[PDB]
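Visitor: Here is how the chains run, residue by residue.
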Amino acid sequence: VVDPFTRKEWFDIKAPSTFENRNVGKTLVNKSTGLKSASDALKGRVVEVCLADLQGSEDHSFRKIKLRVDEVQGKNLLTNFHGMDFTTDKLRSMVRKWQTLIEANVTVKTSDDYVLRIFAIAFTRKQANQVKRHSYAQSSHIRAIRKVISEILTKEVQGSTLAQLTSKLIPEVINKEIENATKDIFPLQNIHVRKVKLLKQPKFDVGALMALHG
Amino acid sequence: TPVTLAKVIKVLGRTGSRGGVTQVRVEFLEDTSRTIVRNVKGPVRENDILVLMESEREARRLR
Amino acid sequence: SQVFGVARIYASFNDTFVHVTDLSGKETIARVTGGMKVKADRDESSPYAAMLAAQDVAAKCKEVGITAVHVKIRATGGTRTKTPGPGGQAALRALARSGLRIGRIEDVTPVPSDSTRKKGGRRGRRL
Amino acid sequence: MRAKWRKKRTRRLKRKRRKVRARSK
Amino acid sequence: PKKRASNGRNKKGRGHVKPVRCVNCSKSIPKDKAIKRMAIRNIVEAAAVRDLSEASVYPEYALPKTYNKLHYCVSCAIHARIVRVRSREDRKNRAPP
RNA sequence: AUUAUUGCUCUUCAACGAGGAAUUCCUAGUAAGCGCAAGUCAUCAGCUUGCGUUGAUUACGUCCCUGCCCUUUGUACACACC
RNA sequence: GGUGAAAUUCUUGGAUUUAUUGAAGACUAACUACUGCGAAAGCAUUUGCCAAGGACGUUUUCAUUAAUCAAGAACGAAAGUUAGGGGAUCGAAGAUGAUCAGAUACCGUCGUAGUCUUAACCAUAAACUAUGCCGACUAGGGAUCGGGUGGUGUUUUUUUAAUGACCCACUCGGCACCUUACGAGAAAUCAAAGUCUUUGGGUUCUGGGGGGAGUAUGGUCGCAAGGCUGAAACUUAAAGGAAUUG
Ligand SMILES: [Mg+2]
Ligand SMILES: [Mg+2]
Ligand SMILES: [Mg+2]
Ligand SMILES: [Mg+2]
Ligand SMILES: [Mg+2]
Ligand SMILES: [Mg+2]
Ligand SMILES: [Mg+2]
Ligand SMILES: [Mg+2]
Ligand SMILES: [Mg+2]
Ligand SMILES: [Mg+2]
Ligand SMILES: [Mg+2]
Ligand SMILES: [Mg+2]
Ligand SMILES: [Mg+2]
Ligand SMILES: [Mg+2]
Ligand SMILES: [Mg+2]
Ligand SMILES: [Mg+2]
Ligand SMILES: [Zn+2]
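Residue numbers (the entry's author numbering), protein chains in the order written: chain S1, 20 to 233; chain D8, 5 to 67; chain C4, 11 to 137; chain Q1, 1 to 25; chain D6, 2 to 98.
These are computed hints drawn from the structure, not numbers from a lab. Here a beta-carbon is modelled for each residue, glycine too, at the ideal position from N, C-alpha and C. Since no wrong hints were added, every one of them can be taken at face value.
In silico DSS-like cross-links for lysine-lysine, where the CA-CA straight-line distance does not exceed 25 angstroms:
#1 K85 (chain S1) <-> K45 (chain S1)
#2 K13 (chain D6) <-> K151 (chain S1)
#3 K85 (chain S1) <-> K82 (chain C4)
#4 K116 (chain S1) <-> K37 (chain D6)
#5 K85 (chain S1) <-> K36 (chain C4)
#6 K27 (chain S1) <-> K62 (chain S1)
#7 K85 (chain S1) <-> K62 (chain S1)
#8 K70 (chain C4) <-> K50 (chain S1)
#9 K116 (chain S1) <-> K32 (chain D6)
#10 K85 (chain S1) <-> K33 (chain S1)
#11 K72 (chain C4) <-> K94 (chain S1)
#12 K19 (chain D6) <-> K128 (chain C4)
#13 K129 (chain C4) <-> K32 (chain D6)
#14 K214 (chain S1) <-> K195 (chain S1)
Quick look at which bits of chain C4 chain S1 covers, simulated, 3 or more residues with Cβ under 8 angstroms:
#15 30-42
#16 71-85
#17 103-117
Produce the complete structure using the sequences and hints provided.
Guide: Here is the structure:
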């Protein structure tokens, strides 16, 4: 004597700008009854979707993305950058035995006071013409590499908030430039920013929030 | 009904713990050059003719 | 094309769970598990009931508002088995065959930078 | 009987003669 | 008397390492003295590739497997998995397959 | 010859309408169906040992049950896991 | 939910399942290996500070300053003790559901102490390589960690280099594996367990059939639990080791 199916006021999710398709998907809410409606109550739900989906290309078949809902109008609600995380299976495949892992992170602030932390992971490359079955680093060299990753990472940010951050990650200049400064010290391969967590997002600023909506 | 006839090409062994089923690779005389392996029931030899019903569902090991 | 959803198959031992929800998550849509489509305690994780519940799941799924769905399968994890269960893929089989689309799937098993001492004792679980 | 428990066995007896002897002060 | 040159299992110049548990029975057991099976497997299985490609979008997809370390405890490592048992000489062989 | 050794004729006309869970035997003139001689024997074969008569179906395989043999392995047993 | 199977259990207290966010305390997965370091116990997230160490390099400096050790002392796993914090986890006792003839257990549930840290005790482990320390000599191999020497060697391009990783040769000091066995051993096996009746480099410790017994006694140490020192009467023909065949 219920069945909330024939009651579910439906809705559609839209994607941000600096990507490909701004059309994400479909959802389920409720009848916008007075006092606790379907208005400002829910909204802020967040979606995990691979960006090989929302971009269409397949050279991005891991780098999963987390989008947070902010504003909603005219049977339509957008979303801003809220997360980027790698996939279990991908690293599970990345971490192969007989080599040195390297991990580092750092807390940082963008121009528009979006406070977050970014990560970094890389593996010593077995150079060709090599005999030794394993190839390990030299700790001190690992100190060095982590140091430079820290420098570079805290250099790329403090630049036009999410928008530009995503604009630096999507084409991965970070990876290739870490690769650039790296090869002087020690081989190293893969090299992925792997993960970045938001923790202290600023205020609403609805106007400036409409910065990726044409 | 699209029943398709396939001739035994080789006898591959007995599967199933009981040891009755026989692994055999066949080729249908309905457009040749298209080998598919099946598992029988009764006794068989080379160059017999099995009525394969479905034409894309082959098998291998039993238990 | 179709309409995206999330399947979420927590199918470790002893049971088998399926429920599509909103791609954001805060809006679930139909569930049902393996212990419902048979009763025997011992038969609560078997691939059969898994198939049956995958049926009862896809059924209401394509009968409310979603006709396609990405999945994320998960073992117990934490400080437990971490290895997938009996009706793990047995439910995956009967939700693609049941005429519903699939779109990239992964593993949300909660592997830790391990700790919180496991159950059992240093002497194991002898029997 | 196990060497560990025979160790415990005497450790106990020893602890008891201890007590009995204490009566004599 | 003694019947293993690596005593229990490989550890030479340590005295202590660090114990870990058993994925089967949870028995604590030193890492050096464990037994490790790098467990790998597609999410699918035998006859499930067909229902993947046929009931999904994409071109050929990608099909991501799963890796996970398998730790066992000699007792459970003999109860089923890597063990059998070997002759006196069949014992010194460090050949996996 | 009663508690009826066996044989005969009349009369009497039972249960059993294919048999639960389980379980025995078997691969060709074999299975099964059919009778005879022989042992026992004064008399008494629904038994037995043999014999021929009629004469199929299904395998030609496997380790799932069972039983066993063989290796590696443990042993503090050797009067040998009673 | 839980196991072999079950029950104890949890479920308008919307439980298991889901999403979002927060806190607490442990912990350091994968990478992690016959790989490193420390006297031993032991020691793996990050960064900074603090003092230390070996191997190497060395046409530097002193010039016998050393070797091994009764007494004496430093540290010393886990539990355990005192006083605070901490108390997620897991979890001696205790209570329980099953299980069996019984089941004070094994399995499941509740869960105190405990686990973590600070200040102080305690001083034991199969604290194991069941193998004292320093020095010499005695035999082949490819490994691999650290240091060094060598190169019209490789891969890095900027214009050739300079670095860096890699290849190769050599020599130190390492964690070890391989084959041998001259030689050793009761054997298993041992590059020391070898250079031992053809018996002697230096030095410390312990053992002298089994049981009684690490018991009794004294002393000493500790808050306690206990630690070190540690007999005898009597008893007994074997205990015991490695290998062989069943
Ligand atoms: Mg008194
Ligand atoms: Mg032994
Ligand atoms: Mg030790
Ligand atoms: Mg019949
Ligand atoms: Mg007769
Ligand atoms: Mg008779
Ligand atoms: Mg033997
Ligand atoms: Mg780590
Ligand atoms: Mg507690
Ligand atoms: Mg109790
Ligand atoms: Mg008790
Ligand atoms: Mg001692
Ligand atoms: Mg040892
Ligand atoms: Mg040598
Ligand atoms: Mg006495
Ligand atoms: Mg006294
Ligand atoms: Zn185990």
